[PDB]
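Colleague: One-letter residues, chain by chain:
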Amino acid sequence: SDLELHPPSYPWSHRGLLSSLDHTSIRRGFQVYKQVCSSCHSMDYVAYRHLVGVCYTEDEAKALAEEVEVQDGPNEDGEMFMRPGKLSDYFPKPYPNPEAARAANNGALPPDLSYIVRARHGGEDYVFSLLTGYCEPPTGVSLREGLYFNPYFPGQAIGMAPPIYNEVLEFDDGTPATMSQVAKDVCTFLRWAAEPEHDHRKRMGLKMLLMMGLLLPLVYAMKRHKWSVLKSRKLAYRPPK
Amino acid sequence: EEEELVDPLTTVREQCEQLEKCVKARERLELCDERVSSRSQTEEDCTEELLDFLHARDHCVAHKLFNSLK
Amino acid sequence: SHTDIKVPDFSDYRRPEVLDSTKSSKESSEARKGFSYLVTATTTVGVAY
Amino acid sequence: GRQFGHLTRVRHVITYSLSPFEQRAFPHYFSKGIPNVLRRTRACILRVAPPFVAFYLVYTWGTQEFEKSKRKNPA
Amino acid sequence: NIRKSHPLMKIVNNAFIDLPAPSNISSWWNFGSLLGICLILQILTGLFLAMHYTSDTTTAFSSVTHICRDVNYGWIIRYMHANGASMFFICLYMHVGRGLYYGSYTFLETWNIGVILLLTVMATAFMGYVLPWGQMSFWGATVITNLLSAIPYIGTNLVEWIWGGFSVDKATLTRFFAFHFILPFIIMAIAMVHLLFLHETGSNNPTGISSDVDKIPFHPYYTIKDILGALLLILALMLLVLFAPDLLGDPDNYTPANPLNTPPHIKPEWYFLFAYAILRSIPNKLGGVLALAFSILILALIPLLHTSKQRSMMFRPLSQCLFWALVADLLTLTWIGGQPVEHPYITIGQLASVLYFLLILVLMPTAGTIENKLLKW
Amino acid sequence: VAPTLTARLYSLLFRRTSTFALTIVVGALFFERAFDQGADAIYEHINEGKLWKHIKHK
Ligand code: HEM
Ligand code: HEM
Ligand code: HEM
Numbered sequence: 001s002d003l004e005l006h007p008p009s010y011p012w013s014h015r016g017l018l019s020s021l022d023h024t025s026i027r028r029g030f031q032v033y034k035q036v037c038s039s040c041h042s043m044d045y046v047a048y049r050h051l052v053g054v055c056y057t058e059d060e061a062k063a064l065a066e067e068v069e070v071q072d073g074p075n076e077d078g079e080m081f082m083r084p085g086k087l088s089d090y091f092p093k094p095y096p097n098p099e100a101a102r103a104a105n106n107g108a109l110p111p112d113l114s115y116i117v118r119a120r121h122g123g124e125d126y127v128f129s130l131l132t133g134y135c136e137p138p139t140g141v142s143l144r145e146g147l148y149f150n151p152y153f154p155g156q157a158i159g160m161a162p163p164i165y166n167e168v169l170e171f172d173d174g175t176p177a178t179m180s181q182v183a184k185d186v187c188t189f190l191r192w193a194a195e196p197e198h199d200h201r202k203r204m205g206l207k208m209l210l211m212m213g214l215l216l217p218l219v220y221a222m223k224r225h226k227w228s229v230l231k232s233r234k235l236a237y238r239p240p241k
Numbered sequence: 009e010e011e012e013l014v015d016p017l018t019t020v021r022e023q024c025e026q027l028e029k030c031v032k033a034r035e036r037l038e039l040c041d042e043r044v045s046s047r048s049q050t051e052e053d054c055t056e057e058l059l060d061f062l063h064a065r066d067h068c069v070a071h072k073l074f075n076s077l078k
Numbered sequence: 001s002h003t004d005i006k007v008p009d010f011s012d013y014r015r016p017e018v019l020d021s022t023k024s025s026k027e028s029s030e031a032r033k034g035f036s037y038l039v040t041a042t043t044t045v046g047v048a049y
Numbered sequence: 001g002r003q004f005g006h007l008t009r010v011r012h013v014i015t016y017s018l019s020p021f022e023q024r025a026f027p028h029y030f031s032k033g034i035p036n037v038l039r040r041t042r043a044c045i046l047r048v049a050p051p052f053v054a055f056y057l058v059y060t061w062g063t064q065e066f067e068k069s070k071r072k073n074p075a
Numbered sequence: 003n004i005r006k007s008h009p010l011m012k013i014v015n016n017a018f019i020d021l022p023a024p025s026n027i028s029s030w031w032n033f034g035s036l037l038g039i040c041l042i043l044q045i046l047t048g049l050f051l052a053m054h055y056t057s058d059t060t061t062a063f064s065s066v067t068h069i070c071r072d073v074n075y076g077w078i079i080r081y082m083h084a085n086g087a088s089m090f091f092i093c094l095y096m097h098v099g100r101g102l103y104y105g106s107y108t109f110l111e112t113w114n115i116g117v118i119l120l121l122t123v124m125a126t127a128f129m130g131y132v133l134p135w136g137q138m139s140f141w142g143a144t145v146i147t148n149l150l151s152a153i154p155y156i157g158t159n160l161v162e163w164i165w166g167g168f169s170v171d172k173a174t175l176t177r178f179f180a181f182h183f184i185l186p187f188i189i190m191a192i193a194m195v196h197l198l199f200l201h202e203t204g205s206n207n208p209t210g211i212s213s214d215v216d217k218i219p220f221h222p223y224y225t226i227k228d229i230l231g232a233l234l235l236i237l238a239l240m241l242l243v244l245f246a247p248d249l250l251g252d253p254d255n256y257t258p259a260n261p262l263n264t265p266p267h268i269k270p271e272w273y274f275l276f277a278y279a280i281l282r283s284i285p286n287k288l289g290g291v292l293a294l295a296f297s298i299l300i301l302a303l304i305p306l307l308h309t310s311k312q313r314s315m316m317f318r319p320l321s322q323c324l325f326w327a328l329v330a331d332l333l334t335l336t337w338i339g340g341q342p343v344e345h346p347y348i349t350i351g352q353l354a355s356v357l358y359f360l361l362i363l364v365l366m367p368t369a370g371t372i373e374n375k376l377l378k379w
Numbered sequence: 001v002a003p004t005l006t007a008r009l010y011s012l013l014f015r016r017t018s019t020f021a022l023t024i025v026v027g028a029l030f031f032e033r034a035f036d037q038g039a040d041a042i043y044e045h046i047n048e049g050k051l052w053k054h055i056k057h058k
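Sequences listed follow chains D, H, E, G, C and J, in order.
With the deposited numbering, the residue at position 167 of the first sequence is 167, and numbering never jumps.
Throughout, the deposited numbering is defined as the position within the second sequence, counted from one, plus 8.
With the deposited numbering, the residue at position 4 of the third sequence is 4, and numbering never jumps.
With the deposited numbering, the residue at position 67 of the fourth sequence is 67, and numbering never jumps.
Throughout, the deposited numbering is defined as the position within the fifth sequence, counted from one, plus 2.
With the deposited numbering, the residue at position 44 of the sixth sequence is 44, and numbering never jumps.
Incorrect hints may have been included.
Part of the chain J face toward chain E, derived, beta carbon under 10 angstroms [as the list claims (entries may be wrong)]: (1) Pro3; (2) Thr4; (3) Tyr10; (4) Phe14; (5) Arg15; (6) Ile24; (7) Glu32; (8) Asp36; (9) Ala41; (10) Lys58.
Bear in mind the hints are in silico, worked out from the structure with no lab data behind them.
Positions of the beta carbon are idealized from the N, C-alpha and C atoms, including for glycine.
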C-alpha cells in the first residue's frame, strides 16, 4: 500500500561535514558482516586489501583472506582448483546465479551489500532502522510465512528476518554486543563499503574551505583594486556655452 | 533471549515509548485495534496508527540513543 | 577658461599614506606597491597550491 | 569587430581617474556599502518576492493535501 | 604590436584583450565564461574517465566502481564530472534567463545558436546519465527515448532505429557512449560560432540602452572579474562534490540495471524535471511530446514577441513581476516533475504548464504593450 | 615595522618580475609544507580512527 514511514536521524560519528568515520566500528562491522551478514549477502565490490590501511593490519587482513577459499586459476588440465584466498580476491558469492537466491530464501532475492547505503535513502539510518526496529504485525495484516512484518520496509512485507537477534557474536576488544551495537557497527562498516573515499573526501574539503576562505578575499581585493580606476572616477560635461 | 543482555534500545525505548505524543498515539492504536477485532467483514486495518506511534517514538529514540552506545 | 578646470577632490578615496598635499608620495609608494603586490603574490602562491 | 576609436562620436565630457595604487579597494565598505544593499533590496522585493511566496505556499499546501489524502476514516 | 598583427594573437586580442566591453555588465554576465569553464572541466574529467570506463553492459557498472575504489583519485574525477553536469545546467539556466530578462535575445543569430547550444548539451547530458547503467540510467533511457514513438507512421521505426534493438540493450550503451564522446567537441565549435556572432555587436548591459559611449577593454576589468567568477564556480562545484557527492543525484541510481524491474520512481535528472512535468500534464501520447518539445523550442519564438519599446527589463516593473512569475513557475514545474502523478500534483502540474505557455506567449507581450502605453509610447 | 616591511618586500623582492616569480615559487614550496600538514594536523581533532592511535593497539 502507498502508505509508509521514513527513518529518523541518528547521530552517527560520520555525519556532519569534516568527520572521520568510526574505524574501530568499521572493523566490528566487518566482523558482523563476515559472521552473520555474509551468509546471504554478497559484497562483490570489496576485496581484502581494502580492509588494510583502514581497519586491519596487512598480516591480519591476509590471515582472514587466507582462511576460507575460492576457485583459483586452471589446473594444467582444464578443471579449476582451490587454495587459501589471497589479499586480491573479492568477498565470496554465497549464491552462483540470481535464481539461487530465490531457491535458498523463500523466493526472494536479497540485494547486494556493496553499496546499499547509497542505494537506499537515509543510508545507514534506513539500514539501522530496518535492523533494530522490528514489530508485531498489526490487526488485519496477514503476514504469510515467508514474509515477515517490518516497519520502514516498503509494503511492510519483508523476506529477510531480523538476523541481529541480540547475537551471534564475535569480538576483539570485547564490546558488549547487543542488537544495537551490532547494528551501528554494520552500518558504519557499510558506509565504508559504499563510500571508501569518505575520510579523504572530507579532508580535502577542509583544505578546500581553508583555501577558498583565503583565495576568495584575495582575488576580490585583486579585482576591486583594478576596478577602482572605474568605481572612483569622475565625470563632468562641459558643452560650448 | 531468556534473560541477561541489557539491550539499550529496550531500556531507552521504555522511557521513549512512554512519553506524551506516543501515549496518545498508542491510545488510538488500541482504540482502532479494538475496533478491528470487534468484527468480521471489516477492512480498516490499523496500519497507519502503528507508524504514527513508531515515528513519534523513534524520533525521541534517535535523540536519546547513541549517547550510551559504545 | 580651460583654466576653470578643476580636479575633484579624492580625499574620500585616497589611501591614508597619501592624504597630505604637504608631502611627497614617493615614500609611501614602496609600501603601497608592496601591499598591492603582496596580495597578488600570495594569491598566486595560493592558486599554485 | 568594432575596435576602439571607431565606436561612436562623443563630445565635451571630461573624466578624472586616479591610479589604483593610490586609492583604497574597499573605501566606506561597510559604511556606504550596507545601506546600498538595503536600498537595492527595497527597490526589488515587491517584484521578486511575491511570485516566489506564491510557489512557497503552493508547495507546502501541495504536500499536505497529498500526505493527508493517503489516509481515511469511514467507508 | 605583436598581439595586434600575428594571425593567431589577433583572435585572442579581439576576443579577450582589446575587445571593447560595456563598463556596465553585472554578475549575470559571468555565466558566459562559466559555461566555457564548465565545458572544459567537463571534457577534461570526461576524458580521464574514458581511460578506465568500458561501454559494455557486463562491465559498464563494474568499471565505474573500479574507478571510485581502485583508480587513484578516480572518485573526485567521477564526482566532478557528475556535479559539473549540474553545475553546467545551473549556469545554462542563469544564462538563458539573463538574456530573457535583459533583451539580449534581440541578437537573433547569437541567441538562436544559443538554443542549438541548449539542445546539444541536453542531448549530451541525457546520454551521459545512461552510461553507468544504473536503474535510473536504464529506465530513464527507456522512458525518454520511447517518446519518439508518438510521431505518426515514422515513430516505431525511429525508436527501434536509435535503440539498436527492441529495448535499451547492448547496442544502445556503446552507441550512447560514442555520441557522448563526440558531442562536446561539436558543442565547442558551436560555442565558437556563438562567440563569433556575439563579437559582431559586443555585449548588451543591464540598461539595454547602449554602451558605445562608455566601453572599457576586456582586459584588466573582465579577465580579472571572470577569474573571481570561475573561483566561485569552483567553490560551488567542490562544495557539492566533496561534501555532498550524491545530493543532486539523490541516493538511488546505484544497484545495476534490471530490464524487468521498473522502480516506482522514474524521473529524469533534475534539469529535465520542468519539461518532464509539462509532458505528463497532458493526457495524450502525441500532445505530450509535442508540448515537451515546444517547452524548449519556444525560446526561438521569444524575439518575435518582444513588443516593448525598451530592450531591458530594468525599467519595466510589470514585466519584472511576470518574469519572476516565470522563474517561480519553473520551480513548481521541477518540483511537480519530481513527484508522483497522483491527486494534488496532477492538477497543479497541469495548471502550471498552461501558465508557462500563457506567460511567455500572451501575458509577457501584453505587459509590454501596456508598459508602452503608460509611457505614452 | 619602521621604513616598512612591504617597502622592503617591494624594493628587494618585488621590483623585478624575476625575483617576484622566484619568491612566489619559493613561497609556494613552504606554503605547501606548512598548510598540507597544518590542515592534516587540525584535522587531528578527531582522535578517532586516527590510524596512529589504532597502530598501537593492534
Ligand atoms: C544472513 C541472513 C540474511 C538473509 C537470509 C537475508 C535476506 C534478505 C532478503 C530476502 C531481503 C529482501 C527482502 C524483500 O525483498 O522482501 C533482504 C533485504 C535486505 N537485506 Fe538481508 N538478509 C540477511 C541478512 C542481512 C543483514 C545482516 C543485513 C545488514 C545488516 C542485511 C541487509 C539488508 C538490507 C539493508 C535489505 C533492504 C532491501 C530494501 O530495503 O529494499 N541482510 N535480505
Ligand atoms: C567529450 C567529453 C566527455 C567525455 C569524454 C565524457 C565521458 C564520460 C564517461 C566515460 C562517463 C561514464 C562514467 C561515469 O558515469 O562517471 C560519463 C558520464 C556522464 N557524463 Fe560525460 N563526458 C564528456 C562530456 C560531458 C558533457 C559535456 C556533459 C554535460 C554536462 C556530460 C555529462 C555526463 C553525466 C551527467 C554522466 C553520468 C554521471 C555519473 O554517473 O558520474 N559529459 N561521461
Ligand atoms: C555551451 C553553452 C554556452 C556557452 C559556452 C555560451 C557562451 C556565451 C558567452 C561566453 C557569452 C559572453 C557574454 C556573457 O558573458 O554573458 C554569451 C552571451 C550570450 N549567450 Fe551564450 N552560451 C551558451 C549557451 C547559451 C544559450 C543556451 C543561450 C540562449 C539560448 C545563449 C545565448 C546568449 C546570448 C543572447 C548572449 C548575449 C548576452 C548579452 O549580450 O547580454 N548562450 N554566451
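Colleague: Now tell me if each hint is right for this structure.
Modeller: These are the hints, each one checked on the structure:
1. A least Cβ separation of about 9 angstroms between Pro3 of chain J and chain E falls short of the 10 angstroms threshold, and the interface hint therefore holds.
2. Evaluation of the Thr4 of chain J hint against chain E yields a held restraint, the C-beta minimum of about 4 angstroms falling below 10 angstroms.
3. Given the 10 angstroms rule on beta carbons, the hint for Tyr10 of chain J holds: about 4 angstroms separates it from the nearest Cβ of chain E.
4. Checking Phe14 of chain J against chain E by beta carbon gives a least distance of about 5 angstroms; that is within 10 angstroms, so the hint holds.
5. Against a cut-off of 10 angstroms between C-beta atoms, the interface hint on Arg15 of chain J holds, since the closest Cβ of chain E lies about 8 angstroms away.
6. At about 5 angstroms, the closest approach between the beta carbon of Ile24 of chain J and any beta carbon in chain E falls short of 10 angstroms, and the interface hint on this residue holds.
7. Among the interface hints, the one on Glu32 of chain J holds; its C-beta lies about 6 angstroms from the nearest C-beta in chain E, closer than the 10 angstroms criterion.
8. The beta carbon of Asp36 of chain J is positioned within 10 angstroms of a beta carbon in chain E (closest approach about 8 angstroms), and the interface hint is therefore held.
9. For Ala41 of chain J, the suggested interface contact is broken, since its CB lies about 16 angstroms from the closest CB of chain E, more than 10 angstroms.
10. About 35 angstroms separates the beta-carbon of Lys58 of chain J from the nearest beta-carbon of chain E, more than 10 angstroms, and the hint is not met.
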